[PDB]
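Enquirer: One-letter residues, chain by chain:
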Amino acid sequence: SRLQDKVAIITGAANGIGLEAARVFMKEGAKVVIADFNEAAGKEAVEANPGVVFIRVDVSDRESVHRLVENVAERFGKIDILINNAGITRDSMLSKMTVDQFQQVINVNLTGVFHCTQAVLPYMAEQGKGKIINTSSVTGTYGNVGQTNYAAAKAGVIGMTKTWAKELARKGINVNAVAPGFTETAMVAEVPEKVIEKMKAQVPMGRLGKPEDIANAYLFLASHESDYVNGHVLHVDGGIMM
Amino acid sequence: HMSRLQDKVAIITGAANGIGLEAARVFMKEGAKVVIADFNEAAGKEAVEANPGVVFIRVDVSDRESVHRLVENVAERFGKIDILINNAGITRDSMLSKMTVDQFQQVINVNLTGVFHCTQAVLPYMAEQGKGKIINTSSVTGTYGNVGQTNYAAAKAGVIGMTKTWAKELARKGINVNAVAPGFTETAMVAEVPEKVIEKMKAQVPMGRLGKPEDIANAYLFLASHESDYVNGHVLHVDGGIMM
Amino acid sequence: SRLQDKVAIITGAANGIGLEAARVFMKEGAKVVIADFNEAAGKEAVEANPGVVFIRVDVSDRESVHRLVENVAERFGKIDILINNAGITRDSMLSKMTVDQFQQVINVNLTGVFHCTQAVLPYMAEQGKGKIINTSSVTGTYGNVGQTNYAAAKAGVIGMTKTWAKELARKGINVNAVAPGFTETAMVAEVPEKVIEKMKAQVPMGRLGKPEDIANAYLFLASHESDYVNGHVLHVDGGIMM
Amino acid sequence: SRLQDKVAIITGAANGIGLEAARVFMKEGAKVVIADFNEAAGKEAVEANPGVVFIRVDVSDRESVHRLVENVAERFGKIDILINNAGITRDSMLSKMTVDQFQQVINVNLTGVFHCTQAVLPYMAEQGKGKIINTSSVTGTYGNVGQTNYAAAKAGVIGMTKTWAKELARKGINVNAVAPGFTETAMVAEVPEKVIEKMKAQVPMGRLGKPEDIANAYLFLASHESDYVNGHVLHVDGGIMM
Ligand SMILES: CC(=O)CC(=O)SCCNC(=O)CCNC(=O)[C@H](O)C(C)(C)COP(=O)(O)OP(=O)(O)OC[C@H]1O[C@@H](n2cnc3c(N)ncnc32)[C@H](O)[C@@H]1OP(=O)(O)O
Ligand SMILES: NC(=O)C1=CN([C@@H]2O[C@H](COP(=O)(O)OP(=O)(O)OC[C@H]3O[C@@H](n4cnc5c(N)ncnc54)[C@H](O)[C@@H]3O)[C@@H](O)[C@H]2O)C=CC1
Ligand SMILES: NC(=O)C1=CN([C@@H]2O[C@H](COP(=O)(O)OP(=O)(O)OC[C@H]3O[C@@H](n4cnc5c(N)ncnc54)[C@H](O)[C@@H]3O)[C@@H](O)[C@H]2O)C=CC1
Ligand SMILES: NC(=O)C1=CN([C@@H]2O[C@H](COP(=O)(O)OP(=O)(O)OC[C@H]3O[C@@H](n4cnc5c(N)ncnc54)[C@H](O)[C@@H]3O)[C@@H](O)[C@H]2O)C=CC1
Ligand SMILES: NC(=O)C1=CN([C@@H]2O[C@H](COP(=O)(O)OP(=O)(O)OC[C@H]3O[C@@H](n4cnc5c(N)ncnc54)[C@H](O)[C@@H]3O)[C@@H](O)[C@H]2O)C=CC1
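For the record, the sequence lines run as chains A, B, C and D.
Numbering-wise (our numbering), the first sequence opens with residue 1 and increments by one.
Numbering-wise (our numbering), the second sequence opens with residue 1 and increments by one.
Numbering-wise (our numbering), the third sequence opens with residue 1 and increments by one.
Numbering-wise (our numbering), the fourth sequence opens with residue 1 and increments by one.
Hint data in this document are derived by calculation from the structure and do not stem from the laboratory.
For every residue, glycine included, the Cβ atom is placed at its ideal position computed from N, Cα and C.
Please note that the accuracy of each hint is not assured.
Stated by the list, open to error - Okay, the calculated beta carbon distance ranges per label pair:
#, chain 1, residue 1, chain 2, residue 2, range
1, B, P194, C, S1, 57 to 65 Å
2, C, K78, D, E193, 36 to 44 Å
3, C, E39, B, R69, 17 to 25 Å
4, B, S94, C, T98, 29 to 37 Å
5, C, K78, B, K98, 20 to 28 Å
6, B, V197, D, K200, 18 to 26 Å
7, D, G206, B, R172, 44 to 52 Å
Stated by the list, open to error - Below, in silico cross-link-like pairs of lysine-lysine (BS3-like), each with a Cα-Cα straight-line distance of 25 Å or less:
#, chain 1, residue 1, chain 2, residue 2
8, B, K200, A, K171
9, B, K200, D, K194
10, C, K200, A, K200
11, C, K200, D, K171
12, B, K202, D, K194
13, D, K200, C, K129
14, C, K171, D, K171
Go ahead and model the full structure; you've got the sequences and the hints to work with.
Expert: Okay, here's the thing in structure tokens:
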């Protein structure tokens, strides 16, 4: 199998894209650690998918991340794949956005990616092998009304991805990003039915993404089938016009 | 290997050598019915001998009549065309100051117009099926430019413009259209440079190596399979993170 | 004057964007040669703008281009600026596009840029200075339904631009491109008004480009104020969503 | 006098690129406010460039920023142009980068841009006109070894730029970014001569940028000559290969 015996930490994997990625990765032979702040959802994933491991983490909290990685290393002795998939939104027009809304999103969606990647790095470096996959967004690449903070963070993730691809290549580590288009998860759940049709109208394929579509891109970037893909932003967005 | 392309009919242009040949092999292992479509008869025949189950049909992608002969033959034999990979390509390198009109036009004819001919030829089959995958081979030279390659850069960048247009036009027909931009990859196309300049292009790749045909073939497989169904209008770089 | 005594060849300058660029460049002190196939429009430009020079050219015809450049060189002794602005559209859905429609647009919009640039190059190389400005399009960068051929050509122009920036830098020559968004010229005059509103709807600024807007970008890229801009695609598109 | 009587706030303008932009803008008729924390350099700029105004600001301090903007509005009655040019580096390989280094750079180079833009916005919205120019970097667009934090911030600036172009367009405000290549300022000063040659080797033009080159791009994006340029990242990098 494509990920046989590989240990994968997937942040934000108690729900949505990350949860589906956990399942896909398990089907491909990986040992999967769901690292998520949502305990109830995490425990539900454990019950639903025999063999998956759940460890509670707040990716914005460096101590929490340190504990996560130590825990995984103690259990499995290695960390082969990190998917930085955890994210939040705190949408507001620029004219109304509070510092708290801005900083919260930076903390989770940008700094959290920094924390998790720094924490796994010494394990991958020792192994001389690793895959890091960072979740950006079409909002990061193209901008989006009401998302100053989320765009800042998701674009920032790309800058880090490109830097790390350059820094870590000599260590046998691949670093890439995925830019999902609008995808049917809880993150889209609270948007009005009206804007949903507008979002679909911007996609020539005429549909939103599914968690499985994005999980499939994570799988490509985590497997040997992408070994010469490095520093790339893989869009999975239906060809959205944005 | 899996069976991700089970019973899918794939035409891969330029598949008698290099990246295309490896893609033919990978696609066969994944269950596809593969047609190698290449101008090089001898290489095509050798590929068939070395890879039982593969079909070779000679084509010149720059010649529209040749392209229609190819596609009608594939349709007659297999009844459908699920995947087209526009992988055939040539180089006729020259500094701008010395480049002849023939060098420019030959590369446009094969690397740009040929992609147009093949895509137009397969389109009615895919439209009737309500499904299809088109994968166009661009290059880091198309995205970034490269000294001595005015013509090849024009063609490979042009391929991206067509890819993005087709992704918009054809999505409603159930067709995905994407491009791959390989970095420098170990094939005959690269073998014609001094190993001293090989280190130079290698030095621009943080991974410290050139691509292998299998690397590019693996990206073709991703873009041809259901695992990339929501990838559309995208240029997938397989270039080791090259600085260009 | 930003272009004082600079000799500028502007292809396609008998109408539209190129005509306004000719006027803008004249105001900034340049000696301007309008090179266009439309003889009547060219002669009209000469009458309306005392001092402009018109030389008929078909940019797709190499011999025509060589006569143009010989004529300019014999007359002014130098060529400082080339703007490859001539272009045509022959739109069709892929399913219906003829080889002739495809090839004509390639001939003018892609090969013509090759011809003109190759012809001016020896002059710029001998002087150790020059500015080449190539006109691409948002259709080249983003694709556009009905424009397989135009997108091929305009994207191809970007590939050549980047190649030439690398090749010619050592000769003291800057090479850049402009990607106009939808702009009010004869090229848009044939689209239905309903489509005009659709085009505008994609532009957050809520208006189309003016010939002067694009001419202003040509001026920037032709002047010393862009001496360290090289190999760049300058979008003048109102932030169009495409 | 392309900027005649326009009020421009240029953050970080006590030194380097910003200082040269202050000088260029004054020459073009602008009323320039240098906003910088470096008091000795700011005062020197005033003495050396009569007509310029210096107001002390720390862009990472929201209160300091609001005092700045209130001061400018009270004195000049309007704010026409904001250049978010202030920036710092705190370089380190990922393996050794501290949270302090990461956060300091985010605070100044990303959050500071948010603070300054939010603060000027109500004035530009009232005027129905304004120009916002954000300074990114080739490190943000391409990544650079040792610059995880700076790449995150400078890429994030592009995300915000694109979002703001979309949000603010119909208010008569242009929002664009500049991505300078390596440029001769104090930011590059303590780079070894051997590494300087390495950077030059990646630039086909064979030289680093000058502060005047970047200032000229700021001038383009601040003037009416770029009124239809929106949401664009203007590279001024000599065609660097990165
Ligand atoms: C990229 C893909 O998608 C697949 C491909 O095409 S495979 C490889 C791509 N092709 C290439 O890179 C070009 C290969 N051919 C060449 O390089 C040859 O130089 C040429 C045929 C273009 C010209 O030959 P030539 O007229 O004899 O000029 P030549 O003496 O070789 O080189 C002149 C200068 O340009 C430089 N140069 C040439 N090709 C270059 C390149 N690709 N990149 C950077 N510099 C280059 C050389 O270093 C040389 O520098 P100097 O003057 O300081 O010595
Ligand atoms: N759904 C969409 O349209 C798009 C989503 N993305 C990104 O895809 C990623 C996954 O999101 P979705 O599956 O769509 O939403 P989701 O809500 O289903 O999943 C997000 C998960 O992240 C977890 N999480 C949030 N903050 C956390 C923290 N501080 N520490 C640990 N875990 C935390 C949540 O608990 C949740 O389980 C995110 O990074 C999101 O920004 C990107 C583009 C589009
Ligand atoms: N090797 C490299 O570094 C890179 C190659 N590419 C592209 O990848 C593709 C495959 O090239 P390679 O495998 O590297 O080279 P290759 O030379 O090994 O294979 C090219 C094949 O195309 C065939 N071909 C050429 N002209 C043809 C025509 N008119 N009609 C039908 N077939 C024709 C050749 O006969 C040959 O078998 C090309 O499009 C090339 O431009 C892109 C980036 C890098
Ligand atoms: N108007 C628009 O929305 C956009 C236009 N562009 C490009 O801007 C450029 C200027 O176009 P416009 O001013 O809008 O159109 P235009 O139709 O007003 O001007 C085009 C000029 O090119 C000339 N021309 C055409 N073929 C020629 C040939 N073979 N040789 C010499 N001259 C020739 C025409 O006679 C005409 O005067 C073109 O390259 C066009 O593709 C790019 C993006 C948007
Ligand atoms: N020099 C280069 O190679 C490049 C520089 N940049 C950017 O260009 C901009 C200008 O930098 P340079 O002129 O090169 O460097 P510089 O060091 O000469 O000038 C930076 C100025 O910003 C000020 N500053 C720093 N933090 C501040 C704060 N919290 N509040 C107020 N002022 C503050 C400094 O006091 C200084 O005067 C920066 O944003 C930098 O990141 C981007 C790409 C290349």
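Enquirer: Hints first: check each against the structure and report whether it holds.
Expert: Hint check results:
1. B:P194 <-> C:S1: 57 to 65 Å: Distance hint for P194 (chain B), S1 (chain C) is violated at roughly 49 Å.
2. C:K78 <-> D:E193: 36 to 44 Å: holds, 37 Å
3. C:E39 <-> B:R69: 17 to 25 Å: Given range 17 to 25 Å: violated, Cβ gap about 44 Å.
4. B:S94 <-> C:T98: 29 to 37 Å: holds, 31 Å
5. C:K78 <-> B:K98: 20 to 28 Å: holds, 22 Å
6. B:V197 <-> D:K200: 18 to 26 Å: Holds, since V197 (chain B) and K200 (chain D) (Cβ atoms, about 20 Å apart) stay within the stated range.
7. D:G206 <-> B:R172: 44 to 52 Å: holds, 49 Å
8. B:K200 <-> A:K171: holds, 21 Å
9. B:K200 <-> D:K194: Judged against 25 Å, a Cα distance of about 18 Å means the pair holds.
10. C:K200 <-> A:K200: holds, 19 Å
11. C:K200 <-> D:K171: holds, 16 Å
12. B:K202 <-> D:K194: OK: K202 (chain B) and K194 (chain D) at ~21 Å, within 25 Å.
13. D:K200 <-> C:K129: At roughly 20 Å apart (the allowed maximum being 25 Å), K129 (chain C) and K200 (chain D) satisfy the hint.
14. C:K171 <-> D:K171: Between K171 (chain C) and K171 (chain D) the Cα gap is close to 44 Å, so the pair fails against 25 Å, i.e. violated.
The structure fails hints 1, 3 and 14 (numbered hints given earlier, in ascending order).
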